[PDB]
Amino acid sequence: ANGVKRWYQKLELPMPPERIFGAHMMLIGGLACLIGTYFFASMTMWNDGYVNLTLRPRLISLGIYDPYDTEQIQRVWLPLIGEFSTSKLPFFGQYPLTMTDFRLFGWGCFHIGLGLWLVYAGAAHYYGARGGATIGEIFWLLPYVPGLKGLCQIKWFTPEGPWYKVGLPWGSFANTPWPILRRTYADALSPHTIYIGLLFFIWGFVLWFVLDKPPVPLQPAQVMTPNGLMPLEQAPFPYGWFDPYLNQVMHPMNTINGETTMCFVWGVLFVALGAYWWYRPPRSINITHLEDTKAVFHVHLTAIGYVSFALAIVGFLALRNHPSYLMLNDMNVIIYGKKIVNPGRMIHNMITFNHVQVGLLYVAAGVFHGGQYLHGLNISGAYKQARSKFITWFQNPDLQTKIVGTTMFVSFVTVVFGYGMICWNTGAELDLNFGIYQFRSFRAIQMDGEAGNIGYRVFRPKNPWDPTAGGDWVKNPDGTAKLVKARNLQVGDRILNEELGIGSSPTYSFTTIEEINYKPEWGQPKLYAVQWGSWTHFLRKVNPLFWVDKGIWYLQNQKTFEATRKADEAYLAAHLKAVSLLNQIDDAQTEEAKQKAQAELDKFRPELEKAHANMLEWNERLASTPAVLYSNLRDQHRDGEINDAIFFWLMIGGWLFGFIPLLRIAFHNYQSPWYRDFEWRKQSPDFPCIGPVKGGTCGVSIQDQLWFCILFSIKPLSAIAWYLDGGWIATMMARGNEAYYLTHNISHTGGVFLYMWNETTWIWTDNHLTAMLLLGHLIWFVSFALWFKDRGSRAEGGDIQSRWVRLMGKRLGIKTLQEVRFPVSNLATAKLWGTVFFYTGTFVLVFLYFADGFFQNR
Amino acid sequence: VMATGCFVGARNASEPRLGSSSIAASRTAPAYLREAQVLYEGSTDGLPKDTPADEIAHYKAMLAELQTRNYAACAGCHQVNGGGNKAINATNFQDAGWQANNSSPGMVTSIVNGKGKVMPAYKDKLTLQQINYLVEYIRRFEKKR
Amino acid sequence: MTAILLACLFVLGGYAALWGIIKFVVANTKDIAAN
Amino acid sequence: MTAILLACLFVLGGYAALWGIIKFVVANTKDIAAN
Amino acid sequence: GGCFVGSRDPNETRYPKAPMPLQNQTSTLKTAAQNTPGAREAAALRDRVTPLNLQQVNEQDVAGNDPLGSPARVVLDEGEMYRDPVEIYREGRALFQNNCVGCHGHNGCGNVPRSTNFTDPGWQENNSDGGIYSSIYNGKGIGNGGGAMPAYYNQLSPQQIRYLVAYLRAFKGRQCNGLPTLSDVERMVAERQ
Amino acid sequence: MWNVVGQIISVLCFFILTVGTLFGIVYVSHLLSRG
Amino acid sequence: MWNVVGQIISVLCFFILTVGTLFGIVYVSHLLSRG
Amino acid sequence: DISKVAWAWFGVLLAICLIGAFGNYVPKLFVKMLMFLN
Ligand code: 2GO
Ligand code: BCL
Ligand code: CLA
Ligand SMILES: CNCCOP(=O)(O)O[C@H](COC(=O)CCCCCCCCCCCC(C)C)OC(=O)CCCCCCCCCCCC(C)C
Ligand SMILES: CNCCOP(=O)(O)O[C@H](COC(=O)CCCCCCCCCCCC(C)C)OC(=O)CCCCCCCCCCCC(C)C
Ligand SMILES: CC(C)CCCCCCCCCCCC(=O)OC[C@@H](OC(=O)CCCCCCCCCCCC(C)C)OP(=O)(O)OCCN
Ligand code: HEC
Ligand code: HEC
Ligand code: SF4
Ligand SMILES: [Ca+2]
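So the protein sequences, as listed, match chains P, C, R, W, G, X, U and A.
According to my numbering, the first sequence is numbered sequentially starting from 1.
According to my numbering, the second sequence is numbered sequentially starting from 859.
According to my numbering, the third sequence is numbered sequentially starting from 1004.
According to my numbering, the fourth sequence is numbered sequentially starting from 1039.
According to my numbering, the fifth sequence is numbered sequentially starting from 1074.
According to my numbering, the sixth sequence is numbered sequentially starting from 1267.
According to my numbering, the seventh sequence is numbered sequentially starting from 1302.
According to my numbering, the eighth sequence is numbered sequentially starting from 1337.
Derived by calculation from the structure, the hints in this document are not laboratory data.
Do not rely on the hints blindly, as some may be mistaken.
[Unchecked claim] The calculated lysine-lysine pairs, modelled on PhoX-like cross-linking and capped at a C-alpha distance of 20 Å, are:
1) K462/P / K1364/A
2) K1002/C / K526/P
3) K944/C / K1245/G
4) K550/P / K566/P
5) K1026/R / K389/P
6) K918/C / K907/C
7) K1068/W / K810/P
8) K577/P / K594/P
9) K577/P / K526/P
10) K682/P / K694/P
11) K402/P / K1033/R
12) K462/P / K482/P
13) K577/P / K610/P
14) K526/P / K462/P
15) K389/P / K294/P
16) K519/P / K541/P
17) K810/P / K1061/W
18) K1026/R / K402/P
19) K1368/A / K462/P
20) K485/P / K577/P
21) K389/P / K402/P
[As the list claims (entries may be wrong)] Covered stretches of chain X (in silico footprint by chain P; criterion: 3 or more residues with CB under 8 Å from a CB of chain P, positions within the stretch not fixed):
22) 1268-1275
23) 1292-1301
For every residue, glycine included, the Cβ atom is placed at its ideal position computed from N, Cα and C.
Generate coordinates for the entire structure from the input sequences, incorporating the hints supplied.
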């Protein structure tokens, strides 16, 4: 509490309102100037990059960015404009410009104009509260720009100034004698929600009359398109409601018109809720400590975190298949010279994971900040006499250990289940022998087709149920190995691994057929013989989301489901009967019998072709029905996978793993039960320890629990990233086209570890992304310097280094070096910067898994 | 603040035709594929009778220049429609197995470098942006199965 | 819409389920101090 | 034999080199304590 | 981990092959068992199973350093290339299992995103042998050292790439359980390579 | 469905072996420092 | 001969800029934290 | 020191270890009890 600690804590709560208000208004104005520049960065003369690409789908949907507009403009407004001083537009003049460049420049300028003015008006409230300020204090870096000192004594934002430099003439909100103004923060909740309702109404008027998207049901009967004037329902997506990439009319609320009708809906709701609160503001005793801005800061901030998580979820679904993003896949997208696989989905993934990441940070930081309010209360005596039940509901220390311990138990059980299943199935997929057990892989041999006429040597047991049976090789009467055709494989049969070409399982010798004539519920339309070893395909159904999704889809699609089932049925019967006819040919034994047989097969054949084409086309019609929750790349149903089931369990376990430190902040900011047995009392929110006593105590403060939340949460977050970008999370080594994935029509990019090496071969083909990869790795491992129990070693070595450098200064007569003292971070600041370095390392590196492309092929 | 925009540079495109942005054309599928079809066919003849006079003559000037550098058109090895020639081993772009087992990024370098014996290198004939357009046109030849 | 509603309902359901467990423990261990 | 002797001598000269350096620093900063 | 490895398969002899030549195959300097109880069975058995061109090859012998190793100049003589299935199998499975499985799978059906899948008939029909050489030699895609399909012109010899080319045509129309066997190579070679 | 009854037996033995072993190293690490 | 000299000059500048920058980070760390 | 109860777990872990190795190595070697063969 003397070093660097007073720099990132210089602006703490509570604060006066004019100071919060003006500072927010200035940030708003600054964020509008930055978006201004992003509009300039989106014009059509620039390369694709990750900024202008995250904005383009939305700019298309608004009609600002026209995808099919090539005509160059040469005059538009004021007379004669080939190019000027910076030219016809400042510096945009050497370029050829279209209408969408002008729209983009118009919107960019507005943003910059309205931003700059919001910055000024915000400084009028901010500096105006203080009576006013000087150009030299506002800007502060003008003292050392000699000359300009006569215009750095001028006072701005003053109370009685001439109009153009006034600030707040009555000094503060509370003194100004306007009765409309509300005097507390509860009271003010009402005009705030009226103001927000009005911002909605503004966006809908702009949508309707400036962007020309009327609200449903007042949509136009026709729209203008690059091919002329077209009925709304046939005009393609940016212009009308017809989705080209799915080839269907869009629901009316799936369009930007749907969005302008919701503008008016939401606006009316917010205005009415504000009118209600104008007569009935919040009042209960449970809430009146929230007038302190330090306390509401906790409520608001972790609320916004939850809002951010909810944006991620809603946005993901709503837009995973929307024509805004798919339209990027036809725009010849080139980044750092390259050509991207599926840039639509990539950009979509980046926006949703960016919201996800904001959600975690703000929830955690809101809780941390709340822990600071509560520690304050304890350390001044008034925690024990808080009156709101939102504090007092959790004061009993024994309830606090019951809450925490059962959320540890729930975390434990569900993480053990998830991770334990991942481990079981990587054992299965890798065919590992443990001596005590042999893991066995999925393997499939087609049994219909022409592949069902391929022969195999088969070792057949007689009676698996008599231990001490044994088996024999299937043979001819002549003694030589009979080749069994795949159609005649039976359950129990063993085939040599090396007759199948398998070199990856050298520890066991045979594949066992465990199921014949198998057709995947969801998968390829074929019939198979299977070794299910240890691979647990049933685990897909251990997912409550498998069942809700499939039940609702069955209900919407019941009678094509039913006909597809009857087609499969008729086909399996035809296959079986055709296999018996083929077998009578094989074993016919005398050409009279062999002609009779071949003539029977020749007569059944047309009918077996009919049943196959029937099954094929019902199974194709079934696989093109609309998705509910689990989706294709073309918004079609897919069954849930082992991957989806693992992701369900990992969300429960891993978010509880990551959030148990936050419950420790909320309950144990002053005393945990380990502290309370010793009589200890944590004296501040950020102390590093108090140890070596009792074995050592590093990491009990609230600041540290915040850092341990951030780390532990890296684990569910990376589950989310792998799952968005198409990794397979249910094992560690899944290969892209392994027999299981191929037979069950699953597309994935890798499998835990394998994903990592699989995506990085794509990452290596971009030299900007490989530079990012190198820098990312270096930031991270340096966090270890700062996080290991080693600060004393670093202090005592730094000291040797300082002595030495001062010896060199004194010897060589170099005055700048005879008093060097190297600065060595203390333990608290080492933990802060260690968490910073750990976090940023990891998440630059994750950006790369998204930036490489979306390789899921659906 | 940081990305004040983002300084990514200006986009490389093809040749300019007066009054119609070439940079823009290079991201608008119907414009880029019209130029890909011209390169692919070696003529402006299969272009929509709706094509403007200026367009039809800019393409011809493009071809005439390429004819002096001994450029060989893609059609007629591969045909006007795909799926080349088994005789010459010329690739069939209509085939779905050929299409699934190629990425568009990968396809690029096989046109740049040429491919084994007969398919010629185009690195000294065409710009990398004109190869990108052709990879996009070849994509639209795919048939099912 | 159906997918968005299902996903949100499942997140709030995980919270509600945790509340119910954590309150089946509190209600039936009320005679025992944790320690 | 030649490569073996070279490697070995290069490691032994790595240590001998360092000592010499250190000896130069000690002698030429005699009478400056390093506090 | 150690000692309790299994019994060795009697069909994999350890009987020794002749040593790899010191002279470069591209040299312009001077160009390019007994009767003891079981020594003849062991030599005959080594002649089918133990590979001769598995080892990385002298640096002057790599295809980028070989005067006749460029895609434009290599000789793809079909009679020499599809002459002997034992040999294609002996050599190409060792080279493939080592170098190519990582990215193309243990079944050779594709592991790394967008990777080839050699069992696909449509892919087989539309590739030449010379085409397959070009993509091994050059790599596929833009990047340093080839793209996502890496280049091999330092790394492999022209003779090693040719065993790879012939082996890869045994993948045609097989199922997704490991690699082509000796009789896959033989049915491929009978149906004209 | 005998593969799903067989598979499940294995998976259940895996969980007893592993979680039994984990809480076996936690019980033997308490005898080496306190009991 | 001349390429080599040109390359030595770029490498020197890089060492002057990266080591130089690193020490400035230390000095700045020093001014914040204390003196 | 070891409790009776912790000695009776260490017995269940060994029964699961030789029910696994007995069914893994017996059909490999004795060519019987074919149900468990691979
Ligand atoms: C060919 C691959 C290539 C090479 C060059 C490479 C090598 C190495 C080395 C080395 C010497 O070999 C190191 C030391 C190293 C280090 C790292 N790399 Zn690294 N690395 C590569 C590539 C990359 C890339 C692109 C990325 C990393 C990422 C990272 C990161 C990871 C930091 C970290 O702690 O991350 C924790 C999260 C992990 C490991 C991901 C787990 C994902 C999984 C799907 C989650 C769910 C499943 C589990 C069983 C879950 C538990 C259950 C529950 C609690 C949720 C650091 C800098 C990083 C990352 O994983 O971040 C989460 C990252 O994004 N790396 N990495
Ligand atoms: C919606 C209610 C608000 C909230 C409103 C208030 C108000 C008002 C008060 C507090 C107060 C407290 N809150 Mg709070 N607080 C919220 C969330 C949290 C969370 C959390 C993990 O999310 C924690 C750990 C805390 C903890 C705390 C303490 C710092 C403090 C008093 C102890 C305690 O109450 O234990 C809390 C323990 C928990 C176990 C609760 C966790 C569950 C929360 C309620 C909801 C999560 C679900 C969310 C809706 C899911 C989102 C949906 C999806 C996005 C689709 N709050 C949410 C955002 N909180 C009091 C205070 O004094 O601080 C200044 C106080 O008066
Ligand atoms: C990049 C990794 C890195 C570097 C360069 C260092 C550097 C050092 N460590 Mg730290 N350390 C690291 C990581 C690193 N460490 C990790 C991962 C851990 C966890 C185990 C630690 C734990 C740790 C302990 C406990 C201690 C140290 C100590 C030391 C110092 C040894 C004294 C000395 O040998 O002088 C020789 C100097 C060098 C050999 C390094 C030269 C500078 C390097 C090469 C490059 C600068 C690179 C940097 C990333 C550049 C960014 C610059 C910016 C402009 C881009 C030295 C300053 C000791 C010490 O005395 O404390 C001061 C010490 O006690 N290290
Ligand atoms: C490339 N192919 C992957 C995507 O394929 P597709 O779109 O077909 O299928 C899914 C499935 O649906 C879900 O996956 C819904 C969540 C279920 C909750 C399951 C139950 C959740 C309960 C957890 C409660 C935790 C509490 C108690 C701490 O695609 C998605 O929706 C995933 C994208 C969304 C991104 C994740 C959003 C954040 C995760 C939840 C945040 C939680 C926080 C508020 C803490
Ligand atoms: C009284 N002593 C103890 C109590 O006080 P106490 O510990 O807070 O004092 C610290 C400690 O010392 C360090 O913490 C070491 C830094 C030097 C290592 C030097 C090594 C740094 C290199 C690391 C880079 C690796 C990354 C890139 C992977 O307080 C701080 O340094 C606080 C951190 C603030 C630093 C701000 C950096 C911004 C400067 C950027 C612009 C400078 C130049 C560009 C002009
Ligand atoms: C695995 C490990 C544990 C085992 C270590 C192996 C040890 C092997 C010992 C290495 C033996 C080398 C001799 C062979 C050789 O040097 O060859 C001929 C060499 O003739 C000699 O000088 C002969 C004199 C050799 C008398 C030296 C005895 C060595 C002592 C070992 C001490 C080990 C310690 C204590 C660490 O030729 P030239 O250099 O002239 O020509 C270049 C060759 N192109
Ligand atoms: C003279 C014939 C000829 C001309 C002209 C020709 N090609 Fe080819 N091309 C071939 C043959 C032959 C192959 C088969 C390559 C091989 O051996 O595998 C092929 C292969 C291809 C492939 C498949 C490559 C791959 O990787 O798999 C593409 C794409 C292709 N050509 C595009 C073009 C384009 C684009 C042009 C014109 C710009 C063009 N070709 C001109 C003959 C030609
Ligand atoms: C690093 C991963 C990787 C390794 C190692 C690798 N490949 Fe590939 N391979 C790919 C990818 C990715 C493709 C798809 C390229 C494309 O279209 O984008 C591919 C494609 C191919 C193609 C088809 C080329 C064509 O033009 O159609 C052949 C042939 C090929 N690989 C053979 C091999 C052989 C032989 C080896 C070992 C020598 C090998 N590969 C090693 C990743 C790899
Ligand atoms: S090593 Fe550090 S954290 Fe641990 S007791 Fe000592 S000073 Fe505290
Ligand atoms: Ca990706």
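Status of each hint after checking the structure:
| no. | hint | result |
| --- | --- | --- |
| 1 | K462/P / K1364/A | holds, 17 Å |
| 2 | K1002/C / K526/P | holds, 18 Å |
| 3 | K944/C / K1245/G | holds, 18 Å |
| 4 | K550/P / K566/P | holds, 19 Å |
| 5 | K1026/R / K389/P | holds, 18 Å |
| 6 | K918/C / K907/C | holds, 15 Å |
| 7 | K1068/W / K810/P | holds, 12 Å |
| 8 | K577/P / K594/P | holds, 17 Å |
| 9 | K577/P / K526/P | holds, 16 Å |
| 10 | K682/P / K694/P | holds, 16 Å |
| 11 | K402/P / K1033/R | holds, 10 Å |
| 12 | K462/P / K482/P | holds, 16 Å |
| 13 | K577/P / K610/P | holds, 14 Å |
| 14 | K526/P / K462/P | violated, 29 Å |
| 15 | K389/P / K294/P | holds, 18 Å |
| 16 | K519/P / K541/P | holds, 17 Å |
| 17 | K810/P / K1061/W | holds, 18 Å |
| 18 | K1026/R / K402/P | holds, 9 Å |
| 19 | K1368/A / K462/P | holds, 11 Å |
| 20 | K485/P / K577/P | holds, 15 Å |
| 21 | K389/P / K402/P | holds, 19 Å |
| 22 | 1268-1275 | holds (count 4) |
| 23 | 1292-1301 | violated (count 0) |
In this structure, the hints that do not hold are numbers 14 and 23, in rising order.
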